[PDB]
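First comes one chain, alone, set out as structure tokens in the form solved without the named molecule.
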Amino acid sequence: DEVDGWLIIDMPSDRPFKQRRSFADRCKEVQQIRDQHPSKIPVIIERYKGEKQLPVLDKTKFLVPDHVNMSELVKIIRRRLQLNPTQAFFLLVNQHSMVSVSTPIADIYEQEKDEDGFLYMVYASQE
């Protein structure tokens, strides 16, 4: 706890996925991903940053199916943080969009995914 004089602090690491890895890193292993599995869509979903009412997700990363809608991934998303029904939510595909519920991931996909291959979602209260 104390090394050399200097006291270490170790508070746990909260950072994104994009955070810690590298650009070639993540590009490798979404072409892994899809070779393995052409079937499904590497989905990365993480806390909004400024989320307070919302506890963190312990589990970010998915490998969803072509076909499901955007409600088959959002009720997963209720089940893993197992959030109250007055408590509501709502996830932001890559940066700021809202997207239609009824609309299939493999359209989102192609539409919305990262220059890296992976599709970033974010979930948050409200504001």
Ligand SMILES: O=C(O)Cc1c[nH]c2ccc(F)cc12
Given for the second form:
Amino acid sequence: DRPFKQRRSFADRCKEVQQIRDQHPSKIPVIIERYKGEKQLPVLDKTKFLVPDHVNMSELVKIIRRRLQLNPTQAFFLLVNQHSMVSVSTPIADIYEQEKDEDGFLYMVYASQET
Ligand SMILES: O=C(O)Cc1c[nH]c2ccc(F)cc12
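Now show me the form deposited with the named molecule bound, since the one above was the form solved without the named molecule.
Expanding to the full complex; the earlier chain stays at the top.
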């Protein structure tokens, strides 16, 4: 259950982004993890997503919500560096250039609170 950055070294994370640049150049490499203090939402099956660079962030919110199989009642937020991405109808390619990690991944966190 450890976070991605505790399972992979910085150099290995950089090499993985570089490999994705070669093999899936039109995809943004995204890490999506459950907030550490999250109580209500389940853990997602997978952590690493290759997102076509034209996808709007607001659509990624809907996709992850569907993957979690929640009621329309359960609150859900997907955050990039504590910015909620529910209303961001901007392609991920633009968010990437602005919010990417030094290792080249784009890190997101989901929670039942937007704090
Ligand atoms: O969910 C995934 O597996 C990765 C992903 C996120 N958004 C997408 C949009 C189109 C597509 F082909 C794949 C994706």
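Residue numbers count along the first chain shown, from 1. Basically, rigid core = biggest C-alpha set you can superpose within 1.5 Å across the two forms.
Superposing on the core, which single option in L63, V68, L83, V101 has a CA shift of 2 Å or more between the two forms? Spelled out, the residue whose C-alpha shifts by 2 Å or more is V101.
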